[PDB]
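Asker: What follows is each chain in one-letter form.
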Amino acid sequence: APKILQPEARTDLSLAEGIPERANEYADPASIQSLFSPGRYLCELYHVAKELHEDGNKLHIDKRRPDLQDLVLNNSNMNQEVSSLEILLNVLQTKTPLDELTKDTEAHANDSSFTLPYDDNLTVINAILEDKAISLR
Amino acid sequence: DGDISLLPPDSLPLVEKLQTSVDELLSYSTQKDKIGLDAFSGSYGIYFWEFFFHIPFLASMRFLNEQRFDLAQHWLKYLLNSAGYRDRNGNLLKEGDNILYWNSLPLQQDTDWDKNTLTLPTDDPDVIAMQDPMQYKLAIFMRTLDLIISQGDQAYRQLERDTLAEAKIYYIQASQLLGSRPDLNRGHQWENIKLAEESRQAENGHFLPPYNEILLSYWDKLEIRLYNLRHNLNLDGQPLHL
Amino acid sequence: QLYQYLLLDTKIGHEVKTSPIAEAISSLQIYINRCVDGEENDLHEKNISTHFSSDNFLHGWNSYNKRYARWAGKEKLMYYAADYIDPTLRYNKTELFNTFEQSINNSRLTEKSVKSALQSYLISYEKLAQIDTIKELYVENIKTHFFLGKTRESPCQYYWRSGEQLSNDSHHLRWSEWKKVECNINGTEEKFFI
Amino acid sequence: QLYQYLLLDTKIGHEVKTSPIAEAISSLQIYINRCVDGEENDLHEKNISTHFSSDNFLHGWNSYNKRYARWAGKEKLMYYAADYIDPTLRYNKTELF
Amino acid sequence: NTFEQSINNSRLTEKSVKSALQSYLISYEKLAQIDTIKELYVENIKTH
Amino acid sequence: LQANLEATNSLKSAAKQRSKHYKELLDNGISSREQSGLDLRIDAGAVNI
Amino acid sequence: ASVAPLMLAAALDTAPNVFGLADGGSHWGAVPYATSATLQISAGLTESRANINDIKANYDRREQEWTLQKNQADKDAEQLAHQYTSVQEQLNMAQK
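Protein chains in written order, with the entry's author numbering: chain A, 58 to 194; chain B, 1258 to 1499; chain C, 871 to 1064; chain D, 871 to 967; chain E, 968 to 1015; chain F, 1596 to 1644; chain G, 1645 to 1740.
Keep in mind that the hints were calculated from the coordinates and are not lab data. Possibly wrong hints are sitting among the right ones.
Computed cross-link-like contacts, DMTMM-like style, restricted to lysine to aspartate or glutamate with a CA-CA straight-line distance of at most 25 angstroms [as the list claims (entries may be wrong)]:
1) E:982 / E:996
2) C:982 / D:953
3) F:1611 / G:1667
4) A:107 / B:1448
5) B:1351 / B:1448
6) B:1478 / D:907
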């Protein structure tokens, strides 16, 4: 535990300033390459989290979501305002593609709202005809 | 038993120097011979840490909180003075060629601590700062910069052009204490790592502990306030000249 | 059930926006919060025995590691004690420090008041710098010394202090303020033993 | 660097107006504040030994002489004690007072 | 009542509630040493 | 009407500044001196016992 | 400063008082009475310090309220400048 404190004790900064003691090799704050970043927190949380199940289980992270293994730690991935409901659709289309829904058969196992005998094409036509103030009638 | 003294150093010269000024008491020459280095720690060490270091702290921060800035600066001159310890007849008070800047005694040297295992329960920053004195050394430097920019802001709220000319000099002095602004993102540039190449531990060579936050924000404060001074903007961006 | 499984909001609207590293952080926080609370049926115990130790990640989960803000505050408080420090809030403040701190507590301060409080501090210190250590006691279970100290007056006025670790763990004992023993020793009488 | 050298604002706009004696005062105050703080590389020590005495100009620099207002207040308090006096605030007040 | 109005701060810390807990145990340890001498069984009011 | 728009913007900015002021008061809670003066009363009641 | 004379008086009261074929006169409970009186003085001192802190806190709160009122009066002046400009341009419109 003081062996963690000693690199925290020797550097303290990386501007020279003369009178306090400084060591080199800093990073820009508010970036993934920093040490208190969301990237470092994500790295620590992932390397904790992939050690809680056996690798052969179905509850392991790389077995339930192979997407998180290949996430690029980049400042573009940090700061870009990507919308949600895109990531969900990408993860759901990773397992089963979208054309499987159009090719799908009938009479499924009693789901709510009955959306499963699904055709994307009629939905696209209907939603394009929504805002244009044109019904099929 | 075993080279531990229960005795204090002699309290008579401290009473000799109470009757003179405070400046002849809270000085490095009285902290050399009359109080040891190893005697600054030890049995009566809490009183000496407090009396020669935390008394100018809670004096100067109390003067800052009550907005007496010209006397708030005077009590940080008993901790950090920038080439100013002279003792009334020239004589910058060097050790060898080292011009003395830190009046306090544990801030003068660079010491190693060996005891403090498992700070992970102790969330106190003061125990961490008593482990290595560079934390207090950074704290006094940041309070000096806060106090100088507060004196500049005090000479900026009166909005007279003589007072603005008086106000610009404090931001000059703050930019002279800070030195020159360092570069950023110019050592071990971040390669796009896909999070399965990482390790659990540190020192992989990629996460690289950063530059300070408050000393980085001081450059931005001085930049905004000098940009307001070099036009007729106020602090709110309001033009003084219509 | 699918939200607990795939760690992603299967009922979210279109107006919510989230950067991908933040969404990965949220998914792993949901996964750790499910795995700590025992809701995982088959799971790996002999690493849980290592991560729920005295000082590892999952022991300070609810204290620090549930949140990026609290984790950042802990990792910056241990790397910058200077940014989070103040002369008022401090551990191991002496009683003389409380006397000094609330003697200079004026509004339009002068230097006379802080010099008078400084004189009162040195006058109070000069009494404690004359305490005469008489009796020792080394407790072996709690690794502490205890001292009994008389002052240099003809009335006795004993005191006590303690060093709080091994005498040779380092050069430093963790010492203590001289505090007054309160009852019935302080009469002007003469003692066979104490 | 040029601002530290020529003592004049090399990035100033056009809206700031300053009388020439005030600008000379500001330039010399910048020069003294640079020379006191040891930032001058080669400089004259055996007059600095005379100006940082018990009572000369550069000893009461930070106390009084950094500012025209504080300097004027000190030079008028020693030349008019009558203007700055009051019966309440007084040194050596007895307990009977 | 001694404990309840000792932790009655505004921005509480854990030091204050641990100090009130110590004061509670120190006050309990005195009552855990009371030495019962004399008994009395009232028969009308069914009390000892 | 161009002057009336800038007379309405000042009202809107004043209302936003007043709401920001009371939000800062309500988020800062009680002061440090208020907390000190209420801790010392309990620490003084603990020595009357 | 009224703490050490009480403990010194209770130290002196435990000395015997009567001499000459009548031993004693020493007050036995004097040191616990001075302990109680000293601790009452400490309680009154700490409540006086709490009163000092509350007075200064009320001064800080009314400084914050003064700052709010000053800012609202500045915003009212910035409103009334534009409203004066509006009424002056109405005057120009009527004068045309």
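Asker: Could you run down the list of hints and mark each one as holding or not?
Answerer: Tested hints:
no. : hint            : verdict
1   : E:982 / E:996   : 21 angstroms, holds
2   : C:982 / D:953   : 23 angstroms, holds
3   : F:1611 / G:1667 : 84 angstroms, violated
4   : A:107 / B:1448  : 23 angstroms, holds
5   : B:1351 / B:1448 : 48 angstroms, violated
6   : B:1478 / D:907  : 22 angstroms, holds
In summary, the numbered hints that this structure violates are 3, 5.
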